[PDB]
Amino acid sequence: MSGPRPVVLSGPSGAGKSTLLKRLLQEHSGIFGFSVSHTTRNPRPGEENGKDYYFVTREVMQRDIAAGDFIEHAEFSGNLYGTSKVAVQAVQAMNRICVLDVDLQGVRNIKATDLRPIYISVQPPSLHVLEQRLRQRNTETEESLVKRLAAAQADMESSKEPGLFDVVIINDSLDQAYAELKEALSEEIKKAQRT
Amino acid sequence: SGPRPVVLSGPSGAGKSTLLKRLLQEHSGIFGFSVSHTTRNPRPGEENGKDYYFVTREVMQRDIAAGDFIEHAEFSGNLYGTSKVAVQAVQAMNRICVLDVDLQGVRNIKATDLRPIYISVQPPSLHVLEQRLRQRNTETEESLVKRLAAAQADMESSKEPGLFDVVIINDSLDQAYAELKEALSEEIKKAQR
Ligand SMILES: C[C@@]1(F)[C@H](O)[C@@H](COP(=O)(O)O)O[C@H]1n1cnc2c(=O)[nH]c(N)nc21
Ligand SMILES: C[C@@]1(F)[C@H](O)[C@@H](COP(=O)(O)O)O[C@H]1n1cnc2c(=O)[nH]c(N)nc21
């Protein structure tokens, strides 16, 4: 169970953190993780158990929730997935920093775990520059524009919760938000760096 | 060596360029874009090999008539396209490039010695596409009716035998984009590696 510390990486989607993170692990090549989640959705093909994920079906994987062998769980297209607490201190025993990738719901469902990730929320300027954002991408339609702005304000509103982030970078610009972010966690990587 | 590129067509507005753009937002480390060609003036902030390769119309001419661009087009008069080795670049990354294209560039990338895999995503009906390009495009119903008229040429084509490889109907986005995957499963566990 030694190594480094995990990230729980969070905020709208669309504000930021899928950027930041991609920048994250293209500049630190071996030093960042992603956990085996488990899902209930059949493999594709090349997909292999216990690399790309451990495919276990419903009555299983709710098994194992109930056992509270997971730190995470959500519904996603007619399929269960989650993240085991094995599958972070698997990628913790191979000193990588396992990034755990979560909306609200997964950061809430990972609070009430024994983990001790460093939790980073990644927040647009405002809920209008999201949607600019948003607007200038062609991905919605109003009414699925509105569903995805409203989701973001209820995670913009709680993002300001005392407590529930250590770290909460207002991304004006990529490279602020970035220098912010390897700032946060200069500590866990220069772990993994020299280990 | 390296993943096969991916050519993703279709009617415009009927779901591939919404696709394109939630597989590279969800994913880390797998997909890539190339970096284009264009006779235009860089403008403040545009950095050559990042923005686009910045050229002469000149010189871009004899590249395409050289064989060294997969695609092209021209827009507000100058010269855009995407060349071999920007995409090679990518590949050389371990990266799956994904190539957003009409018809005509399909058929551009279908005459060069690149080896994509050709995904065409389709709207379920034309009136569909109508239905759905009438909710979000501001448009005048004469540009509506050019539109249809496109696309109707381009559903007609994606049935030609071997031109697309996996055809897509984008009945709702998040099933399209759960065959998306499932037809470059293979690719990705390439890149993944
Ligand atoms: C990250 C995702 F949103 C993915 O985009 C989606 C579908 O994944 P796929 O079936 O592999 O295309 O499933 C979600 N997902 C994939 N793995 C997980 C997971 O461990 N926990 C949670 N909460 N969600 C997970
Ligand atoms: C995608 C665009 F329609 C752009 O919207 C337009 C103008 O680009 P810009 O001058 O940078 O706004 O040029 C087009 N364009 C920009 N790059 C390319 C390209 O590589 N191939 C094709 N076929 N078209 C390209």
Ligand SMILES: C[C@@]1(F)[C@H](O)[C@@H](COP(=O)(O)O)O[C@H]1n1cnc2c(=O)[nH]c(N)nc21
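Residue numbers count along the first chain shown, from 1. First, how it differs from the form deposited without this ligand.
- Of the two rigid parts that account for the shift between the two forms, the one holding residue 148 holds residue 191 as well.
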The other form holds:
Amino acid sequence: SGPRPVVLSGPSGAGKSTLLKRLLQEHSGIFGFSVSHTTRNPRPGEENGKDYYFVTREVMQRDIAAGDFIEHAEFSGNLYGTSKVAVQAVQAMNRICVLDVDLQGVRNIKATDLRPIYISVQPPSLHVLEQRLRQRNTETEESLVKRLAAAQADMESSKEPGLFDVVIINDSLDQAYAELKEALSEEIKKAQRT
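Taking the form solved in complex with this ligand as the starting point, write out the structure of the form deposited without this ligand.
Keep in mind that what follows is only the chain, not its partners or any molecules around it.
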């Protein structure tokens, strides 16, 4: 048994992170994040298994080459990764592990033995997404063309059949969060019964 994981994807500004933030705040003990591996020296006050899986660089490289990691990256000179076991550990605790990855990362999980629910949170159009990105007053004209192009790539790939189980169009955050809850209603019910 165990509640299936959730892969939430889509363009950066289309609202997949906002909806996930609201989703995590309005649910108690149903959703959770994996504990990631790192090669970093354990900082004082950190416990193994709760904050990070602190492992040696040699161990990290071996487990990367063995395909144990869904995604891995370098940061501040150390290595980090999200192992399948870390995701399966959340499923073991009757919780819904939530993975917020890019389009490529969806492909990584597709090849693995996990069986999550792939959800893409798309904007109503590229024009509506451009309007929302300008309203938040964070972008420049140079970054805007990078994000729009990357967004368009994500929207095209979302049309591939069998890729995403549910595709939510972010007309409004009220309905978009409503559709996200309805998609996960079965896995939320499973986590609510212990």
